[PDB]
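J.: I would like the entire structure built from these sequences, with the hints used as guidance.
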Amino acid sequence: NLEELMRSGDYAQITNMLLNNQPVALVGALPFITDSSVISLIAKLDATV
Amino acid sequence: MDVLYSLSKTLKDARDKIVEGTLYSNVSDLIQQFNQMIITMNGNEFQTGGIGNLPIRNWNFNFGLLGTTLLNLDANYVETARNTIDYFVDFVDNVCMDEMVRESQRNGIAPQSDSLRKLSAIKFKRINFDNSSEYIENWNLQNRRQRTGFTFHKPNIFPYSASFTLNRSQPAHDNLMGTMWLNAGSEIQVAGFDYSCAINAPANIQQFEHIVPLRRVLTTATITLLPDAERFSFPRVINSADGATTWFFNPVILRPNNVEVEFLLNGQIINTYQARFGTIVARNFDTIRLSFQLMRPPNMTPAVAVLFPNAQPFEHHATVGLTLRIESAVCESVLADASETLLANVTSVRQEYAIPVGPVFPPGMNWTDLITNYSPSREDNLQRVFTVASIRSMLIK
Amino acid sequence: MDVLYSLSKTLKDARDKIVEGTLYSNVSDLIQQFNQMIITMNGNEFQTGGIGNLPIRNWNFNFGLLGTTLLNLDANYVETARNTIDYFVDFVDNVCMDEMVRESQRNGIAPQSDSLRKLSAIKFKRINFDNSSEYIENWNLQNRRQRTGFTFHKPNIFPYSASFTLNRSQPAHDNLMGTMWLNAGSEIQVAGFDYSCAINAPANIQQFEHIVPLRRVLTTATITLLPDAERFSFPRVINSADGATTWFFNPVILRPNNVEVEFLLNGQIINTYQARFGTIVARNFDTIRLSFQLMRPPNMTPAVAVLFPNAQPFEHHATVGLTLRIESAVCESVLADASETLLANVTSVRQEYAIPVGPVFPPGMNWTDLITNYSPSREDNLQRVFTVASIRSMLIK
Amino acid sequence: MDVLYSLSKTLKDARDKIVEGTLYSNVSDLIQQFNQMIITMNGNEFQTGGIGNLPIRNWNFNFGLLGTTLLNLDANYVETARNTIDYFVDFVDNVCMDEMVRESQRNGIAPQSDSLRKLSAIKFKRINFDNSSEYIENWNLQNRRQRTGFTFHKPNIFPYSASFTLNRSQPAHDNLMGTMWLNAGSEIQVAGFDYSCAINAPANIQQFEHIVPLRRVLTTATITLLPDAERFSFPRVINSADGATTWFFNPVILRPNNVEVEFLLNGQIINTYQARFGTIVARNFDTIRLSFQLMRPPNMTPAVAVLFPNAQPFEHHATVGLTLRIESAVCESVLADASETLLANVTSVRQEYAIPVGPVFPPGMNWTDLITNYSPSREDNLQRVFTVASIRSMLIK
Amino acid sequence: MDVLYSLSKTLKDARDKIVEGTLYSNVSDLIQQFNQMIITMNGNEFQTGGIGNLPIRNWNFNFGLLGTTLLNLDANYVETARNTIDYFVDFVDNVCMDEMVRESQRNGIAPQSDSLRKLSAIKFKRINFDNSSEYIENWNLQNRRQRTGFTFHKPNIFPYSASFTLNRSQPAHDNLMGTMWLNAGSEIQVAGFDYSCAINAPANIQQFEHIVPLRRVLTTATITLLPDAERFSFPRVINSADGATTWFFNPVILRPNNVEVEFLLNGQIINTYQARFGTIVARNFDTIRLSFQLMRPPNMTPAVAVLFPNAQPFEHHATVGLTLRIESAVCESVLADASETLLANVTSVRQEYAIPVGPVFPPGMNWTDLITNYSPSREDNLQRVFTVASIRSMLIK
Ligand SMILES: [Zn+2]
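These protein sequences, in sequence, are chains B, D, C, E and N.
The first sequence maps to residues 736 to 784 in the entry's author numbering.
The second sequence maps to residues 1 to 397 in the entry's author numbering.
The third sequence maps to residues 1 to 397 in the entry's author numbering.
The fourth sequence maps to residues 1 to 397 in the entry's author numbering.
The fifth sequence maps to residues 1 to 397 in the entry's author numbering.
Don't take each hint at face value.
To be verified - Simulated restraints, written as ranges between beta carbons of each label pair:
hint : chain 1 : residue 1 : chain 2 : residue 2 : range
1    : C       : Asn-107   : E       : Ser-132   : 32 to 38 Å
2    : N       : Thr-368   : C       : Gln-312   : 45 to 51 Å
3    : E       : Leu-214   : D       : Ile-51    : 55 to 61 Å
4    : D       : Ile-238   : C       : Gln-312   : 25 to 31 Å
5    : N       : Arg-215   : D       : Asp-93    : 34 to 40 Å
Since the hints were made in silico from the structure, they are not lab data.
Each residue gets a CB set at the ideal place from its N, CA and C atoms; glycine is no exception.
T.: As structure tokens, this is what we get:
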């Protein structure tokens, strides 16, 4: 949960699961970005944010 | 191995300290340990079982941390932690049963199961917690070559043995001499007999002796010595040495004369006691040497003098015996005793899942066959399995 | 009940950790527990006693908090805390004696005294501390329906019984057959006899059997088996079945032939052992079935052959016996044993204050009468009283 | 004395909690204790040994503090602390052996060695840590005159004694009456006999009695009572009272009639039990009074009636016996028992270093001679030495 | 298990309360429950059946919510809800038949089918509704260890038994004495007979007795007692004990003299009734002890005196009997009775789908074989299956 993560302040797992490449699903209500480019898909953009 | 004890120590404390209504400062340092278990264990996957009828299970850890923000713990905080503890405590049962069931002959002190070999990486070393139990403290002192010690109450140091020895015999079996004994558990009952009652012995004294060697060296024992063997006191019929015929033994019992008990170590007399019954000590020994003798009484009332004639028909046979019993001692290798149930947990797992006979242990985990030939290859396996059985006893009785 | 253990745990630790000269960081978390006891307990008032000769006392709590500002504790800080601990430790004695003395028949697992019913409110739940003892851990696992277990050293599982059975008899009592036994504590000594020594039996073999049912199911026992009953080995005179006449029994003792010990569970054979003496295990059982037989020896020396004629006057009677002994086992209900003194604390309170016989327990707390009819209504009362007796043993020996 | 336990408690915890890879918050309060040991102990110098063959060693403390800045402990932090612990744990061994070996007669409860007198200053009182063991808790409660208690398993309360008493005798020794007994450890086996089998007694009943006084008052005992003395059941020959002649004893055994066991305290009957065998309790007593009687059976089959004639030749002598055994009890003074090895650690130090016989203890630390004359001057020495032996057992097994 | 009852409770109420034309405020709180069922159940998938001839079906839930906007419900709103209820009520039938058919021996109180193990997650706990039935209330009180109770009308507490006992017999079978009985269902008919009609008995009175032990403890029973056994009143021929020969029994019937009925609990007399027929109560018992005696009438008319001679040919045999019948009682374990059909629903599922004999229940679900050996392992299975059979009876009769 992104909200309970935000209220607690102590992360300690989102740091670990991201540094050591762990599979994860972040439940939230984010806004997104649309993208219409094959060059931006080959360039591996979605894993850099 | 050190991190398998550290998983069970903080799951035992998590069911005891995380209760409803308790103050947060009572559990403020356990939760920092329990959260740091979970961070190390996530993302990994394990596999236990496969031998005998022990089923194959797969383990996978994806859990969330505990909250660190309450003042008094409530029923939401307890019930969200019990459904995490109950998955770990099921994992530790199936790793401990996977290790008590396996054995090796080259180096038995190494881990044998697939899961315990994987827990011995430096990734999992941060789960390490205090090592305060008796078996995990002696696991660490002995791993650095320092002196260890286990304290026992009535240790099973003697294998079962019940036999005799005839120093004088004939096929009629009516004029005999020798000793009889029972060595079982932690108790020795020896009894010497003489049918003629020393009528032709020099100075009417017959000498007896019985020497019991041990398998391991005991230290600071408390021993009770009583001057009667109550088991070899009644009339019985006994077979011969090769099972051919039977012979009759009708005892009357005198008191043991000139008793000397010696406690040897590499042939050196450490302790000795001469006509001193009751409780005695024995600081360091590995061989017990009992010595006692029969003396014909020089003065006899008319009711006694009919029992012991000069001629051949002896209907009442003289008997002199002792009784020794070890109450508590300190050994350095693992053994079995009368207080703790570590031998019973090992055999009950092997009998339940129909485990085949391996290369090291006797068939059926027979303790009489295991202490008889107690090789250093069996000692390293027996310590490795009693220590895992001690870890499992904290969580699951 | 959970908060009665939590009062005694932090009064035991308060006499141990709050000593003179100690560093403040050693006791920095105990004082936060001990101050939070006092805040909950102030303003309340209690009343204990009233049954038998147990006197009525009134309790009232108005105390002040402890200081949290020193670096090393001094003699002012110790002596101002000892006169607060000594009032609480007198309160817990009179609540524990008020609960060990009362009993109910409908639901015995509920609290019965007036003070312990009042401590079971949600106001008093913040006094709750860790639950690490054996009896308070099994109080909580069994309250959620999870599997428990108590570890015993020589458990009193057998009621006292000493009797016999005659499978062949006549009013002269000179040609008999049957078994004799003693079941007492944790030890079985059975012995079978035959006066004719199987002179007319088919293949000169006489079969014996003795079946002992248990009251509760034992788990992972360590059992010692020895091939002689030393109690039924000497000549004695025994009364008849209805106390009319007496009969004489003069034994000689052969060895037991073809011994089979079986360990049953709902009529299913869990374990079996055939001519295997010494130490054995028994993983799960509730019925012990001993089987052994007498065989006439086919070859006899002239000293033996006079003992067993073909005609009627039999002056030397054949005897075959066994001996079984449970060293340690794990049960699920509470029992008595040889190591801990929880039964002795319960009876000593009832005998001292002249307590009348209630509806559940036998008169005088007779353990032979209580394990004979060990109903589920008596099991819930006996666990509730042994657990209170375990709490009182931490403070007052 | 209180600071000698406090040195050993935080050296035991330092080898258990300071391990490789552990989190720093697990050991954050131990290091504040261990650093504050070192600050107090630096600059001082000590001297142990000197009596017997115990060598003289000089001790000098100049060490540095431990680091308080890591997050997880590494192998540099462990290996720099092990070479500080190993010097302190060698110091505590030689202070504990210096104190178990010395004794005084005026005030034995005071420290006797040179090092333990120096540790009893107010400079060293800041090393004081929690006092949670059994012997150090009873050291402090008894030092303020509060009630203490030690829990034992089979306590050695009876000195060794094996003798008899003849209430009717003649120089032929063929018509006798009296009792025989064995008192050893925690077990009483008394047996009364009568050769005439009450043929001329009034109402054919012969009364027996055996009274055993204790040395210290026991509390809440669990006692097993069985109606046979198995040791006085076989034929034997016994010397006379002054060792002049020998006399013969050929028993047959009836059951004990009208058994009454009483538990006295200052001549007042606390408990009583009438024909009730099995397990019994005894809440407070210091004298056991056994009473039992022989009754001639009024109806006898022809096999029994030949044994007991009216005339003088009695070839089969009647015998009635009992058996008592204390399983566990609570005393207030220190004793020896079957579970713990505190007596064995004291004698093994004195035997190893060839220590001369002092003014208080018996030669060779004979427990039969020490419980026979158990003076209050020996009680204060025996508690002071068992408590030091309990401190040494934490570090060095 | 708790959520399986909660599915069936709000499908029963949905077919009853959602009718055509009803006001919306009558069903305003049911629709909030029924919509919140659907939200939890969507997206999941299940699988039932597989054992015996029970077919395998797959379940998948993708439904839409109900409308919450009408004032009176119309035929569109009913017919769009009936085609959702009819899919759920078919799902609950196949989960209840999947659970009544399976059994385990280790822990039978746990769910055994694949679907009911999946419903026991915390995701499905929000479907939980009120628990007001008798079996689901006793499922929850007994799961927390509180006292429960089931109310029965004529409970099947006695296994079927019809036999006799001869206290006096000879191979001619013409002078006999003893009792006959029938124990079946909830009724005891015992009858004692004597062929000589007490012509040589002391004071012409013959004593009879019949003791019936129960399997479980009954509470607050209503019992009818009538002074005649109508089943043992006519002439019949009966086989011998070993089936060798047959013997004849021609009764005449006197009235029972001196009737005493006792109601025991652990050997203690709870209730007693002396010559009191009709309806009686029994508050707490587990053993019924009937006692009655035959008395020869001292005065006889000439038509009676011919029936009972002094010599040997007895053509009219005396008979005295009783009759007991339990109308209603309260037990704590589950049983069978004469009012409800929970035993008939369990056996009809197993017989229909040809289910093999498992490890726990008798072959064919024989109630005489199941109440004879009514072990605690069978009690936990029998409660788990009667409770599932009670849930299925709400939806499908
Ligand atoms: Zn013991």
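J.: Indicate, hint by hint, whether the structure satisfies it.
T.: Results for each hint:
{"no.": "1", "hint": "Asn-107(C) to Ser-132(E): 32 to 38 Å", "result": "holds, 37 Å"}
{"no.": "2", "hint": "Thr-368(N) to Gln-312(C): 45 to 51 Å", "result": "holds, 49 Å"}
{"no.": "3", "hint": "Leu-214(E) to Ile-51(D): 55 to 61 Å", "result": "holds, 57 Å"}
{"no.": "4", "hint": "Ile-238(D) to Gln-312(C): 25 to 31 Å", "result": "holds, 27 Å"}
{"no.": "5", "hint": "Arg-215(N) to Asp-93(D): 34 to 40 Å", "result": "holds, 35 Å"}
Of the numbered hints given earlier, the model fails none.
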